[PDB]
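A protein chain is absent from this complex, but the other protein chains hold their places.
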Amino acid sequence: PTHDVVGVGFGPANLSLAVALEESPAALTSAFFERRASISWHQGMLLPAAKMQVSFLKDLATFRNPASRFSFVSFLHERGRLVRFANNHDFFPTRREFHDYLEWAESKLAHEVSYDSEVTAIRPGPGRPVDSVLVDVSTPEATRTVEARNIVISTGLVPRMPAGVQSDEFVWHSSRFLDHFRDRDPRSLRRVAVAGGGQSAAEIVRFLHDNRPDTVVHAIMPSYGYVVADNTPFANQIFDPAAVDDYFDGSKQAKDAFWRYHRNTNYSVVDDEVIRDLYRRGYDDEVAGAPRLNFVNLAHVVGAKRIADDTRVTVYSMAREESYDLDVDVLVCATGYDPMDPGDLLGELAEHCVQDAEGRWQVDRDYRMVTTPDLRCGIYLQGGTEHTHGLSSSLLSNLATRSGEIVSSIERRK
Amino acid sequence: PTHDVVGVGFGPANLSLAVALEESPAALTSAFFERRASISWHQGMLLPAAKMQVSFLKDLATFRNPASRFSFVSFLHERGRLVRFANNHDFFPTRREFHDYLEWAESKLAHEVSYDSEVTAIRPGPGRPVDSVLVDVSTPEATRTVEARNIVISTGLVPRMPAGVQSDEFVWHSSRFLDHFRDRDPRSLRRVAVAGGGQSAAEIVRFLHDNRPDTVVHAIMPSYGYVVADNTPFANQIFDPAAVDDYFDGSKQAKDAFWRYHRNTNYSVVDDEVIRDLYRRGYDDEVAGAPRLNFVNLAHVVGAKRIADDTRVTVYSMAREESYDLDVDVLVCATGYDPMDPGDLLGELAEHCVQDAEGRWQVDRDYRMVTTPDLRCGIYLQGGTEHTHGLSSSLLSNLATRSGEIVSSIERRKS
Amino acid sequence: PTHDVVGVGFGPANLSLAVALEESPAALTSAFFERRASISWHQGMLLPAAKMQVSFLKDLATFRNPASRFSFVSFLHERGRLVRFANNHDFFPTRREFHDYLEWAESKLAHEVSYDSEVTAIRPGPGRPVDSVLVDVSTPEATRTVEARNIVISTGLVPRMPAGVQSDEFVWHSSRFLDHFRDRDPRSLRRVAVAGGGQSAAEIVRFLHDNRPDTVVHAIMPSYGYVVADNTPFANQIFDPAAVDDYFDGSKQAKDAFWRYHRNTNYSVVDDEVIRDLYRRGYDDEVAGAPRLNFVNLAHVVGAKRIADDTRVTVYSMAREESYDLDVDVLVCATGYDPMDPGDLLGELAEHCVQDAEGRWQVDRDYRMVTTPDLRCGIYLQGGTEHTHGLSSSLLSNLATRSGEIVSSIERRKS
Partner (left out) sequence: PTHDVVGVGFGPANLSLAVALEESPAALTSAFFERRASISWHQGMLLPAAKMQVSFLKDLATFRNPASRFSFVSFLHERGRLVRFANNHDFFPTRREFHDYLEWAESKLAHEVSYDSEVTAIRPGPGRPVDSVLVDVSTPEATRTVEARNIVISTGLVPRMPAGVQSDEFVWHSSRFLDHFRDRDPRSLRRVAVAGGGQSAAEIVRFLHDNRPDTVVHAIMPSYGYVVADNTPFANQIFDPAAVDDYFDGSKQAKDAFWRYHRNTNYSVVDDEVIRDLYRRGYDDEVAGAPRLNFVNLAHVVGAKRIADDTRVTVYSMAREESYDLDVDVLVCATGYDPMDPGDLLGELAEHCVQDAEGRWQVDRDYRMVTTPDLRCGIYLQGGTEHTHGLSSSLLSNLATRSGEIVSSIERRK
């Protein structure tokens, strides 16, 4: 039984793919495999106050199909909260509500997703010129293999730690903040260091400050202060569906300009309101004579070691150009992520995949990896396309349009 | 050919009714009559900067049917502006764009509306009890009559002038501001008086100021300054579909409390952004030493008379408790509207319609007038239900739900 | 030793008076008496997030003297927080910081205030006509009497509880919320009822929600939802120094209009940010399936009784027009205040104080009580002048100008 398309991973991207498949007139067979037990969308960072960075109109389908049964508005309506939500006049739902939205959509979905199913490898099918791929899936009980004419890889970002710093019992990446934090005796973390100057770092510091009144926090970051995230309407157009064509068709010179002028829309920047809330927090503490937030600016975390009951964090100060030690209970590294890389899963099919001058994967406008004639099956990427398609490649900004374009590409090539 | 339902008037209310009809599985026959040439939604007040007072989610259908082909989001999508609109992060479209939305929906609609068709009267059909009404329609050429088992009256508000002031060539109601304004030589409106302290008054004064740099404006109003319109989320709940049941089922006491505490959500109040814009305008003029906006507070317009080249406006000052005259070129009365009243159109049928203690029409929860057993056909009101259904009755706030409830009521009674 | 002026009470009002005295060229002798041990400015409501309802420019002196050593800006500068504050771009300091400001100013003040000194009575001095008053002061040790040519009464508002409800161990007025709250085992207050729809009620509910996650709160109020406080610039002008003259010189009709159109600026209304925050709180709880905030609208608290381990609150519902009981741990009444009334403290002198038609005290533009010629000494009111001077009489809005006008009045009669 050979499937038209197999989806590796079930995050919002393949969920929107599943939705695009169901809404398409095309009769396409599909299968989806998720390693986790259920949809799990950055749960380690599902902090109480945390808010979507994207408008509710940027959902699973609305920009493609403005009257979808899987739209956020449909979700609100079924949950009987649409009117309530409208009264709030806020385009940004909480991260917590968006997670329910993902679950709700997955549930309404006709197709059944296979959970606890890790894709361990992708191999060429019996064939030359290869017309299918073989997908190795490992469940808790057995292992199996499925065959597909197309695959879509959407396995998400991978946590990046500071150079020379490894995860440990007392050194956590922000992606695993709540996992570790809920385990711990509160009074066990009176001193916390958080490295980074982006949204994650800011949200964690905020949470720590609001969660217990005695916790002392050290925010270590290279900038002089948090930098604001730009989502004003003209700059925000880099996230438009149409901006994908501009980026894609544009020269390397133009591509560089997107990153040069608008990196501050997405990376290493914090939302206005969180910045202002932290500042109010710090200000009221000074009035009260009880400072707790210590902002260590122009600085990098360069090392961590345990030493008795303390975590010894080594900080490099750019101002003085030297290092020093900071003793805390826990070090949280909110130091970001590296992009998706298909190269690992692909194993050997990589030999038939064409790379560019800089050594990265060539990708067509329709998100399909460029291959030699030896390979006739499709490898689509949702993620890992920053260099070809632009800043929206790993965001929720363009799920509806991308997923539809991939489904169209697959129907066209049948 | 007796229709299941005839709609009198084609504003947003009956348009949403038409949409509800098409969306319903029920096969209901209908006809709609509009006296204007096309949809015309307060065009006299379609000022350049004017913005909706209602969120885009409160459209023709979305609260009833979250995936409607007639939703504002569908409209944006077809007009290839959804992405652009989303980038703006504003829930409130311009009045101009909303007008576009109404036209767009009307066009997409299967039913063809009869324009240029004034309903002059509604009369009882044959038989007793009366099972149908007869609708008299006057077109420019001819006149005819159509029969219906149900009728929905949605003819809109009616302009209300100050007591003892009549509109003229130089005394306009705000509803007819742009009609008159575009037809006049710019150099002939150097002095304008605007009466009222509500949204209309504020918007007109703003426009006059932005429009020509030398125009002098007198804003005459009873309050000490513009009062802000409340649309904070808890108070704004009075516009919820569910709030209709609370108002309806509630005692007269409870009803009066809605009006007592939350009148300032709708009447005689101005949107925050417009108030602040007017204040910056006035402030910058003082810095420049060139004041043009004269705010005449604690005051009413009580008379107007034309004398040579001047419109002489008589103003009563509450502070001094005396009257005085103000000479201007034009007086604009932004003094509001009276509610829809089905009484005029109904004529003979009114005798079978039951009134309450205060002499107002009784209406069922499904917007159907209460009648004696002599009358079996359904008369539904979209508008004119402030006293039974609450503050949302004349607004866009609840179009989707109301229209659906009326269509359901009609399908039910057929069955 | 006869003083030019004695001040009864030391809240912001008399502290601005003390400042006005020090800044005046006039050599005036004065004494101030406060019952409390130190300045205590609504400490029972100094909640963590609580913010001033007045701009930092409206401080002890700035509107009268733009370069005062007692301005809020001076305070920030000395506390080394001016630059930090400026970066925040918020005109509204916290209530906590403002308290700091009051203490700082009081300290910087040359004059020494007499604390733990309750003024028990004011009596006529020797002579006829009366040229001085005698002020009876009770300290913890002794009692004494001081003599003054003028007296300024600024004793603040007095808590008002719902009719038929009395303070008790489990029934608190909002003014004494933190006093009782700190004094209670946290697991003893799992169910709280808060009566009222104003700023205090909103702030207390917000606090309860944020303080422990398990607390269930009943917000009981007559409106359908919190009503927003109007502070938009035109309406906000009723708080201007100049608005005092407009209100004062205006007819009773005009005075009524101020209250009729602009009570939404001050009484029974909630700040936009607080309303918004409460609504988000309620919304997120619904998403989580763990509702805690129960909004009981169109309702009054009409009684309270203690029954075993429960405070039984009797609630009247306007919608159903019937009463029912509500069992909670504590009832907090955030039901507002009655104005300052100089009369209690005046005793014998009040005979010579002229009242108006409605039986209230007549007051001159300079805040001086109108007396029959039998009295020659000056009695000034800071507070208790809502009926003569308008809505700013009990606020921080106009401290600088009011205090200056009273000092001027006193200097000019000494002359």
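We just call them A, B and C in the order they show up, numbering each chain from 1.
Operating definition for what follows: a residue touches a chain if its C-beta (ideal position, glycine included) is under 8 Å from a C-beta of that chain, and two chains touch if they have at least 3 such contacts.
The chain not shown here is touched by just one of B:78, B:284, B:322 or B:338, and that residue is B:284.
Of the listed positions A:48, A:127 or A:250, the one in contact with the omitted chain in the full complex is A:250.
Within the whole complex, the absent chain has one touching residue among C:241, C:303, C:343 or C:347, and that is C:241. Residue A:232 is the one among A:145, A:211 or A:232 that touches the chain missing from this view. Interface with the hidden chain, as seen from chain B, comprises residues 48, 81, 84-85, 87-88, 94, 96-97, 100, 276, 279-280, 283-284, 286-288. Touching residues on chain C toward the chain that is not drawn are 55, 57-58, 62-63, 66-69, 71, 73-74, 76-78, 82-83, 86-89, 91, 233, 236-237, 240-242. Chain A meets the missing chain through residues 222-228, 230, 232-238, 243, 246, 249-251, 253-254, 257-258, 261-262, 264, 272, 275-276, 278-279, 295, 298, 318-321.
Simple rule for what comes next: only the chains that are shown with their structure count from here on.
For the pair chain A and chain B, the distance between C-alpha centroids works out to 47 Å. Put simply, the C-alpha centre of chain B and that of chain C have 42 angstrom between them. Annotation for chain B: residues touching 2 or more other chains are 233, 236-237.
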